[PDB]
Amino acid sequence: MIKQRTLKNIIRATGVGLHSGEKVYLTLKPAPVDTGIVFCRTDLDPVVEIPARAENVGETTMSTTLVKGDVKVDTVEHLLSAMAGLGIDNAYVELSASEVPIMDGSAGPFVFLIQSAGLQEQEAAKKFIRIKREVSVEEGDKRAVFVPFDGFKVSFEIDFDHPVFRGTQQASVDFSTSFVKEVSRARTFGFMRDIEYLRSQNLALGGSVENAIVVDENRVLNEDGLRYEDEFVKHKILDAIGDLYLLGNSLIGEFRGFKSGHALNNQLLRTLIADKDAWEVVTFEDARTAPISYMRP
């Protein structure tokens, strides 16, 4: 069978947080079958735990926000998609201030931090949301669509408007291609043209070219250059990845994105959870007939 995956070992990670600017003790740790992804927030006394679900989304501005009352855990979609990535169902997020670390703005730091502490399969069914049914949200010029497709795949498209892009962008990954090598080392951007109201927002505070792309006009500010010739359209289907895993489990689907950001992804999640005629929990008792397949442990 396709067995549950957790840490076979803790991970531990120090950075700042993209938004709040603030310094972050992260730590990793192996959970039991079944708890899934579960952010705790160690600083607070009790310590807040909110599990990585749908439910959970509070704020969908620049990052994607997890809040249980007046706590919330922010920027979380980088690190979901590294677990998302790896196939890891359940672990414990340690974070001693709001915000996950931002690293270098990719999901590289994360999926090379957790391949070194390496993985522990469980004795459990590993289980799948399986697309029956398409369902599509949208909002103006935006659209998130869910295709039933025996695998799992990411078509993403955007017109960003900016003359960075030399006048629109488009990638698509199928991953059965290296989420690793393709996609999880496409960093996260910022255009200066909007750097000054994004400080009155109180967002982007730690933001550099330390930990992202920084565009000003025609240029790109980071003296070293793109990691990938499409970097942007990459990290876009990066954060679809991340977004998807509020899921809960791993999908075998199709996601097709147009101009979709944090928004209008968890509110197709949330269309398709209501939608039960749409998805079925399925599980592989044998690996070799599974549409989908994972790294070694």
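Residue numbers count along the first chain shown, from 1. For the two forms, the rigid core is made up of the largest set of C-alpha atoms that agree within 1.5 Å on superposition. First, how it differs from the form deposited in another entry.
- Annotation: the position in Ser136, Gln201, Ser96, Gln115 displaced by at least 2 Å at CA between these two forms, with the core superposed, corresponds to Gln201.
- Comparing the forms between these two forms on their rigid core, the Cα displacement of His162 reaches 2 Å or more.
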The other form holds:
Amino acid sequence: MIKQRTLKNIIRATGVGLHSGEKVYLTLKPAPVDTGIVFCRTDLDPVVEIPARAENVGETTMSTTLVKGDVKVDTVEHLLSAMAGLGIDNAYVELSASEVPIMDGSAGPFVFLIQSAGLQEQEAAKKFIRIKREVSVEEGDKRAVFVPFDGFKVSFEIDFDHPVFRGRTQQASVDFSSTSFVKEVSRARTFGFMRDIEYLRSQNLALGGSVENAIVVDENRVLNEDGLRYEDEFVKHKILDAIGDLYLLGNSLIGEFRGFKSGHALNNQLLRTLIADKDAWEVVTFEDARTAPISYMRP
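Could you switch over to the form deposited in another entry, since the one displayed so far is the form deposited in one PDB entry?
Shown next is a single chain and nothing more.
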């Protein structure tokens, strides 16, 4: 069977919240079968526990925020993308502050931390959610859609309001094999335009931003000394974001996501619309990994 996965070992990181500028201590702890990904704030008493689920999303401005009462965990999208990409089912994420650290602005550092700690296969079938029918949300010219697909595929188009490298649009389609995430998506950094960033900074937002954790685009050219990691790093980063939001379903998807200008807010609306449309999906397991539509890397 395709088995659930957790971490072999506890692993620890430190970093800064890009939004908050706060120093945060991050601990990833192994968890047992059918735990899911569960966030908790170690700096509160009592400690509060928030499953990484669509129903616990409270804010979607610039990032996905988990909320339970007045306790928040901000910027979950990059870490959840790493845990989706590697097929982690079960883990505790323990934070000393209200925001996941930004690291280098990609999922790369999280993937390496997880893959260092090692993956542990567990004696329980991994659960998948199979898209059996098309489900779409729109807001003006923005679109997000789930369509049936025997595997996992993301198609994404961004549409800037001015040309960047001579075009307003950037498109990528990734049909995921076991290695696609690590090779072609995980290293894609977050980005902003210099005028947007200066405005955000003025409003006391993006207090942990730097060239070390974000691509800065000064109108139509990249400011960062060493340039881009991928030709279309920007759309690859939006694919990373969508993968992190998708994992809030709490099980791995069999199907295709297609986004046109779809950010955390519309991605979250698509999740809620899919969940409400129960005839469009079904939970499934694969007792034979060899006949499954998805395969993960060896543990």
